[PDB]
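Before any questions on binding or motion, here is one chain by itself as structure tokens, the form deposited without its partner chain.
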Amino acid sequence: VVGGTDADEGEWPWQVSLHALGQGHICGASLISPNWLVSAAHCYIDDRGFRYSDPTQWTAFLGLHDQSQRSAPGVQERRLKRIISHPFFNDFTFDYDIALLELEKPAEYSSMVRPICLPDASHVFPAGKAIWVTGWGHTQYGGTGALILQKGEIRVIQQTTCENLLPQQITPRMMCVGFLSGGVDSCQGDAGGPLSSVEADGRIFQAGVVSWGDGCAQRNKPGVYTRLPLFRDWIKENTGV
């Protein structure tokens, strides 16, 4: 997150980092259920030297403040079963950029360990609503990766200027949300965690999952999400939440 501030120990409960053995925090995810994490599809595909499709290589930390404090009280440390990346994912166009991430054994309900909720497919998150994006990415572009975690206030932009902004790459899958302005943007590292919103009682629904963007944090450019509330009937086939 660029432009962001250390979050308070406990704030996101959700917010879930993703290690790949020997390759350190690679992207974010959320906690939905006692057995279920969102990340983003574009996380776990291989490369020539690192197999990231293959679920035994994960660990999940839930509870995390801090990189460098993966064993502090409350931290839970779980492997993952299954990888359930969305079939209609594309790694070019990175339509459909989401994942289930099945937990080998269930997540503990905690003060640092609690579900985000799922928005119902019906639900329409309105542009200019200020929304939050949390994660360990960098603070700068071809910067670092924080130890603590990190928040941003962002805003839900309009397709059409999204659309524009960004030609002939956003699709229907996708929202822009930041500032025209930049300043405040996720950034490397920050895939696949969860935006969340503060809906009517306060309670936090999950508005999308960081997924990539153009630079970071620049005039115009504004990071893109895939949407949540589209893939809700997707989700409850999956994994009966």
Given for the second form:
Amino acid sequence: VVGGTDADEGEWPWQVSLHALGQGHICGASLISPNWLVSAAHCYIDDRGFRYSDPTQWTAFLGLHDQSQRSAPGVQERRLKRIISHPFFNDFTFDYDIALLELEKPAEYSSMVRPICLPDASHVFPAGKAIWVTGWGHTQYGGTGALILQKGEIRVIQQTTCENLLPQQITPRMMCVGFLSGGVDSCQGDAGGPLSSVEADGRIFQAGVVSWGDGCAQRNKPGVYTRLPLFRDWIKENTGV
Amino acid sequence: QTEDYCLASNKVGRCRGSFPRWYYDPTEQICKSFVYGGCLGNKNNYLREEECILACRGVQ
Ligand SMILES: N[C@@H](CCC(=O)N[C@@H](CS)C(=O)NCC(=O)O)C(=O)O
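Moving on from the form deposited without its partner chain, please list the structure of the form solved in complex with its partner chain.
Zooming out: every chain and molecule, the one shown earlier first.
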């Protein structure tokens, strides 16, 4: 996350860290129930002689605050049993960039670990709304990760604007969030992490999934995120959530 | 071919994963670490330092 600040401890109890064997933190994810995580499809594709689609190759850390303290109280470590990449995912266009991850054993809800709410399929996150991106990703493009979980407040951008800023690259599955001014954005290491949105009763709903961007935090180059409401029924049908 | 595998600049790309990878730098004649986004990378992109060294040994 570029231009963010340290999250408070326990502030984002749905934020998850995914580690691949011998490689440390690769992607974020969100907890949506005791058994299921939402993440990005592009994190879990076979490559360079390593099977990123193979669930045995991953470890999920829940209730994590600091990457150098993964044995702190309340941190829960979990293996994956299943990875479901969306069937329509396209690794050239990044369309349908979403995945469901099944924990080998359920998460235990605590002050540190809790699920995010899922929006109904009909819900719209309105243009201009201040929402939050979180992660341990880079603080600058081509830079370095953050030990302490970062948060950054960003704003929903009109789809028409989004399309014109990134011509021929934005599908209806995608949403621009950030600032036309740049300065605050997600970055490498943040993919698969949730957009968090405070709703009418103060509860937090997932607005989308960190996906891609043209560098990070550049002017007129906001982050591009996978929409959540559109995939509500797909999630229900595959997970029962 | 050594052109692509060893002489090309490293490519982070647009995707926002953080995949620790290795690339050969022909100006230093050494393999160095970089972070790959996960999509549409080029061939100068190795999972292990040892594999990068093997692929690009001696290349100028
Ligand atoms: N119903 C849950 C407790 C409520 C809960 O943790 N719901 C989540 C998902 S709907 C939530 O409100 N998270 C967002 C937030 O706390 O702001 C239970 O009894 O286990």
